[PDB]
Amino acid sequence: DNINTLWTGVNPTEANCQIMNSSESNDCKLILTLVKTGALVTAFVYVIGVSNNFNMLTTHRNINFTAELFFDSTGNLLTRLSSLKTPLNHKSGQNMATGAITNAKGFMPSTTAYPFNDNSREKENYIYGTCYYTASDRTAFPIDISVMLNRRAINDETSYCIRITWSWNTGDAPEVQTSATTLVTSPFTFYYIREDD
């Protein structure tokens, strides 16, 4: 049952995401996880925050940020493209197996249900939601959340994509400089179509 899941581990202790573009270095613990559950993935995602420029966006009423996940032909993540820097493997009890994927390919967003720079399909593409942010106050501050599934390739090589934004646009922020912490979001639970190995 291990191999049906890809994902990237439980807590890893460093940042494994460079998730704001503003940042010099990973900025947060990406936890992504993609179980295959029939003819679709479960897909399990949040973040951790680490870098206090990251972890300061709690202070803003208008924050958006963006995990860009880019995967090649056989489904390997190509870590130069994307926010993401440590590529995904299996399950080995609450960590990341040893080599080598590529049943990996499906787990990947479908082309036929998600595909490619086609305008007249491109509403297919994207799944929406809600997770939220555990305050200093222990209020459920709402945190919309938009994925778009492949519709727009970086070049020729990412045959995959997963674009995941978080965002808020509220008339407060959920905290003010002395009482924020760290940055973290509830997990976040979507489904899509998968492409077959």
Contents of the next structure:
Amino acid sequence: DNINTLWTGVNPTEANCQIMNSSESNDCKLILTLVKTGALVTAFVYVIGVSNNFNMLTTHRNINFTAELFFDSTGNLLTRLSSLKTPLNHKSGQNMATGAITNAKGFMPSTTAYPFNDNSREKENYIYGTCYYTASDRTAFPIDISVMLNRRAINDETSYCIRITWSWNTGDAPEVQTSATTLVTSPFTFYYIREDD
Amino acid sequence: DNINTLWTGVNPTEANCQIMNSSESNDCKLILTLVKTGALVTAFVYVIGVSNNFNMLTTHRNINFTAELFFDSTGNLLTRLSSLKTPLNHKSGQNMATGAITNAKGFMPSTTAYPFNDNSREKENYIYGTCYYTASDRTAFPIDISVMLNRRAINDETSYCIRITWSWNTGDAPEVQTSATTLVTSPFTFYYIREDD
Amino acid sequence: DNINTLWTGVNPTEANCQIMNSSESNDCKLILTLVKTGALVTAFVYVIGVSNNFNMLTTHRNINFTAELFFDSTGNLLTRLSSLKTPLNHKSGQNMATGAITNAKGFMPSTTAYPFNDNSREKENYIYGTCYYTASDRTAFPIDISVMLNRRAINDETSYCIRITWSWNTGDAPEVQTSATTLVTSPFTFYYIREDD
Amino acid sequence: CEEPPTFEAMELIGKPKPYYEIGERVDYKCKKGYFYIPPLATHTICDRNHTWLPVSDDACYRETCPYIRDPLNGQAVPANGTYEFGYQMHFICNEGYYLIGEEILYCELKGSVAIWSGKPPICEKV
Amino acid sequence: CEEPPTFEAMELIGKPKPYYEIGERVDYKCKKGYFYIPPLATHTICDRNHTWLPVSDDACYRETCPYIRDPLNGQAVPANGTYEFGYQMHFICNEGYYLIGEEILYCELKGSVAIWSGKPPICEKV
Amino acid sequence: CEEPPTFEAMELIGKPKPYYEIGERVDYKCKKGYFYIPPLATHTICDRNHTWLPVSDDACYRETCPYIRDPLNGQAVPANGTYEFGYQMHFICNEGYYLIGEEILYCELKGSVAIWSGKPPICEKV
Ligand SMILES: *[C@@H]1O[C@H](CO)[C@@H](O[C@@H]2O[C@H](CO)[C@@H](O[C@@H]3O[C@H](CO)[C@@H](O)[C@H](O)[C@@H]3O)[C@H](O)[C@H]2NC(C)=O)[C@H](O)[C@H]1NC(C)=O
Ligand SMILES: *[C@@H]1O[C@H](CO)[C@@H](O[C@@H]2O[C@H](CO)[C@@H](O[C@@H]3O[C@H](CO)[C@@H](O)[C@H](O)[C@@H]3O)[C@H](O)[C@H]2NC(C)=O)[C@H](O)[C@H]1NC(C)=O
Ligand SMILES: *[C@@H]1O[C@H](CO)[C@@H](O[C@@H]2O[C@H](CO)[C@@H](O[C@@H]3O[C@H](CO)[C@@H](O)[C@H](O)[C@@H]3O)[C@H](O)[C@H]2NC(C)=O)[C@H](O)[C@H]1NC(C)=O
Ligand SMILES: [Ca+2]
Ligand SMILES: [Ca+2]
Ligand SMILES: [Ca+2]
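Mind giving me the form deposited with its partner chain bound, seeing as the form solved without its partner chain was just shown?
Next comes the full complex, and the chain you just saw is listed first.
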């Protein structure tokens, strides 16, 4: 009975997300876990860089990338429109199950709480917080996170939307040529009212 | 089986909370969701300003308002004493159910973990964090949140207490006459040990 | 059916943790609650100082202490190796139950998501955030929290590890001789992918 | 019964009324700056003969300022034998020492909280 | 049908192709800076005779700059009767007052968002 | 068996004792600065004849300093062929360039972690 999790599965073999547009082929490995907890959904997310280009952003003083996630009328990932290029599914050990998703809608960000095109309630479509990139010298580099819950639809298919966006802009880059390695964010957990099944 | 949520329901038609004392009639719309998750309760809360006065605070350099919530010996909102002027209930789609609340006590902040009048454990009655008002120019304005779990009772009826208080005091107000609109906070999720049923 | 919580129980009679090495006998009372929520575990933790020495750290300008928690191949606290000197158990009112723990493994930080000795994934073993010590004059003193999920094992018994570490280093200590009392942190809630049962 | 009684540490919940019928209840709540301590009541019912039952505001105690131990080599003394607001804390340093940061603090009410009018003093070598 | 039509406020999802068979569908998505509003379609199928069905990009409206009320004792007017990007906001202060922070703002597109080229002006006593 | 053996990278869990009975077990734990790597044991039992079974501290490796790639147009070389603490990293810039931020870093132990005694140098044009 793992139908309360709709997640990417733990650390995937190959990259599953293509976050950089200056890119093609899946530059990173996006881990996402939505768990049904009461009238809310617990969103757990972070990213594991895989391609050399993405990994090298840590050497930059001012960055920001976005992971756009669109779902259709049933709660299914729109893969061609989204950054996550491979569907989510229920828990099956540390991996994605392989079958029909039970009540996907239930995991979507409620349109009642987070609407589309309502400028009078726009402010209500945002979630913010902080995650940390843990640098070479072991210091904690804070990264800003903005989250927009389905405010603007992308076409006649996108029934729900979740757009996470990481960013940072300081005096110095969180890394340097000789120390850089992988770009990894710490788990960022946020909450939102869920659509009804 | 939505008896694990005791919430205000999603975005209510009319304002349900009266946060400003300089006020009368319900100045805002307080959204609150308590979900039973293990020996803890997940509290999800934020506010949607409705009255022009409350909405205009964003034009002020130093503000702070409190939402006082008192419950009786059974876990029922004391409406006359609280800011939330209308009872909470279980989940029923995006709305409050309409019937007997099953195990309200279970949602209350444990008196064992957060006591009354124990000055030696006072420090243990507080929860802090940050939410964000998303301003006109789209910048994220941080708002400070302090939470006091039933430390001081208000009379012989208040068996439990939850007092949330938002505040900010910077060099400039998060808004200006021509840009102001609605005062909205982002969901602030906190945790606390729950009383036993 | 409280087998979804594996916790220290609410506010224990005697101190249960020995955080200070410059110490012996259990200097504080560590409260810890792990709740199974989906493919994740909700960790809720903070500390209640008990011994005079520990309580007096608040008079220091730069501090930091760690609470090391090791578990064996089955999910059981290694008491002699850990700071928490007394086992965890399921919920039973506000106290620890007294019997066989059902599926402890299930509460452990997944080795798949947080591995051992993998320097290429090291960054993925960290969790950060903030808790607050609420000082005498009622101001909120922020304390930094770093969390390392089982990266380095301590011997052939430690199958999982959870190391929380609080710290602060400012211009002034959060207290002064005449005002000091108890050292208490506010609940710090974090998340992590759980091992499979 | 006529308009319920009024108190100094406890006020009436809701707007008062000129007349009240038998069996009616009226509730109070500790004022701003006070708090409740069991088991005394904070409500009263209008009995058979139109005079409210006995009722007090003794269940409502004043908020207190945080504790203050003696400043090393000196002494802090609750001038009025209480930490409650509306009172004061005094500081006398010991013989061989002299007091610096002046030596009276007033536990005052500020909003819904009792707080010291300042900071404790200290004693130095002389 | 040959390569699907192209639009100004809506672009093709995926790489186009020279030839297309009957019953095939092609989907578009509002471009960067635009958004969808029901119920018009953003896709089309290649029918029996190899010419796509009718299709528009009218379901995709431009992102708009935030609202701007009249600066006290002055007036803010949407020069082009719209808040949409690619347009401008003008400010005239009232008779007895004079304008300071100059008095044209351009609602421009920046990335995936429409934003004012600056800040509203204000009117002072004269 | 008498007091268990002692090791350099592994220490005894709990206070030692003068005498030990057969079948008793004693456990060690990698010291501060070291870590465990399967599958070697870190414990031992006092057998029939009062001499502990064979036991080593080879399952405990030293903490290592983070990796350091060659400074553009220069070379970083692990002087002692290891990143482990108690050793050093050396930097020689290439022919046409000169080294600035001096050119030895010492991977040292600080608390429970191995860290470089500083920062890598860089090479400039000459
Ligand atoms: C709290 O305790 C203090 C200390 O006993 C009380 O304050 C002090 O009260 C006395 C008399 O009530 C004041 O004395 C007056 O002094 C002037 C000249 O100094 C003298 O001419 C008058 O005849 C009178 O004796 C004294 O000024 C005052 N101290 C301070 C700090 O101002 C106070 O009354 C106690 N509070 C309560 C509510 O009882
Ligand atoms: C948005 O509304 C504004 C206001 O009507 C339009 O901008 C203004 O457009 C006019 C004519 O299109 C420009 O006038 C030109 O002025 C020069 C000298 O000032 C004159 O020699 C030319 O013959 C011509 O009349 C005017 O410069 C311009 N105002 C600004 C601020 O530059 C604009 O066209 C509207 N936008 C759209 C897309 O319709
Ligand atoms: C880590 O590798 C370095 C490099 O090989 C070793 O440090 C160097 O060790 C040598 C000999 O052990 C030291 O040489 C001495 O130099 C003085 C004058 O410079 C000379 O008179 C002596 O006869 C001797 O040759 C050298 O000073 C030292 N380098 C530094 C940076 O001080 C080191 O031994 C290796 N570490 C380990 C644990 O093996
Ligand atoms: Ca009284
Ligand atoms: Ca068009
Ligand atoms: Ca060895």
